[PDB]
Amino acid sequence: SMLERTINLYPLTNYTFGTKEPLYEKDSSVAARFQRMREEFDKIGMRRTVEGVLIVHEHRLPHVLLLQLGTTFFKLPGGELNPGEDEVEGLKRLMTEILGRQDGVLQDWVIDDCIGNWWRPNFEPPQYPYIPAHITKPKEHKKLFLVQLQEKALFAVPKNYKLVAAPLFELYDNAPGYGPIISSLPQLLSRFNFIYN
């Protein structure tokens, strides 16, 4: 009857958030983003993206770590796989590029849980937790993983981003604030048995 995965959470105060050089997005606008997605689809087919959900707590209240681009969009750490790149090795690589330390000490990323899949049917913002009817060639597949943090860590945050710890209640039914993927993390995380260390 204990069919739940057990996940260790640690206090937000256990983690050090340092700073490093800005990390710029490839796309300077929504229009460039969809143009590049069109160009690459014609060359290498469906875009494969991976995103990490990093959880902490304070006073036993779970929080998801989000990256805010200045004061604009909230994102999960992650991004685009290269062709033939393993999803888990790829998320580890991307989380090292985003939050990895300047002193080049390796973070020990632990990734043992897929928590969802989203599909983009067109070169357009809409994404669904399934392949919609009539769609044979989705343009992007996004895969979300739970990343188990160590007890303590130093994260180097690119200077153009803020690392925010968002409580689940703030995400819940807040698609306007966070969009349909981040806003459904409370439902996606509910199956986990969190230990508040």
Contents of the next structure:
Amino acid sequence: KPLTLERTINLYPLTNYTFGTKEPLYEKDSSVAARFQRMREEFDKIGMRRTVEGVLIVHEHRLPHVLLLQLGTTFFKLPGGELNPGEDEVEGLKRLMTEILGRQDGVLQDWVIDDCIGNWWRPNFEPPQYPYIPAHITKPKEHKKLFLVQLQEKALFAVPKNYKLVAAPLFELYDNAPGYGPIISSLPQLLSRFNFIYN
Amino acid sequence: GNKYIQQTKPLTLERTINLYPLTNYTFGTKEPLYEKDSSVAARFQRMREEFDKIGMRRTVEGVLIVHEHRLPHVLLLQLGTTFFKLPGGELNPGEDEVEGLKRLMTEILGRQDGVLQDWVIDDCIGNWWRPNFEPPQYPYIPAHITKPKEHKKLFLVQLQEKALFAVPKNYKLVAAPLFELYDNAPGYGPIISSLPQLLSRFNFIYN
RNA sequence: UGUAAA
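Given the form solved without the RNA above, what does the protein look like in the form solved in complex with the RNA?
Entire complex below, previous chain first.
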């Protein structure tokens, strides 16, 4: 069978991974309004924002869990961020993953990113995003591309102090846009096609 | 010699798919295809009996996509006013999923022409599991469910540039824009309404 | 899912 028809992915116990911390790494925007202001500034000058995010998966008791960065108590995001202009998507994601999650011991982590799982577009300088370019939207302000990041068997991660890292089970995310937004809450669907091996 | 350049990105990273105007396709009518069950009560009754003699039900469904003015539409079957379903149905025990789907596709939409109807089915887009003898299905196997009652598999069916389809007289055919499925999720159920999310990874060529 | 710990 083609990898196109069946895609097999190895998951490892959450306990295969040890998590340390590093110095805080704050977002470039300090508020929602600031975020859209900078989105506006840069659109004018570089064009559509290109964002990439990684979906790292571990299992617990043969159950897939997605790793999420928690900010405060009520906000969660996938590890990722903004591509520099002209930057390659996967190369850019590896860069961003190391920045946010890379161990500190000089041992450089090797990210395996071979799978695109989805795409979301932001038509305006506003919160709504859609898994398709909406009708007659010729100039989307942001394009967000999600990848499956296959974790090695064991790894060491370093979480900037300002974040917590959590492993959310799929049932927690499914049907829970009010808690995770439409992008994170539909990862269970986006991941369903994959043939997961537990270990 | 000459190097014939193919797509650089792996197929796992970039899946390119040709879509064609809905106007490229011819639609006709054929003999009605009645559902094997007469009522919800009958449905889960027959499902219970079969689980005992055949094991877990295995369903396959196909997602056929066309475009109108460069917006993707999924082809849906509508029964009466109240029910949308993807073309597909039940595998026989042991039947290959993809061969089964082609069988079912041909049966529900196949042209009664005498012309070869060939389906291109190279992509799995998702899996849904029914943990009890009840309607609810999940895009994952829930905790503590070792014996799901049904496994449903979704496939992307690539259409040729032109094709003829015959629709069973008792069904209507609908091309549903992705924004409809997404903006009005309640109307299509959890499987069809999350098709825009499941299709988003594809690089659709418009023609 | 948003800045109250962030």
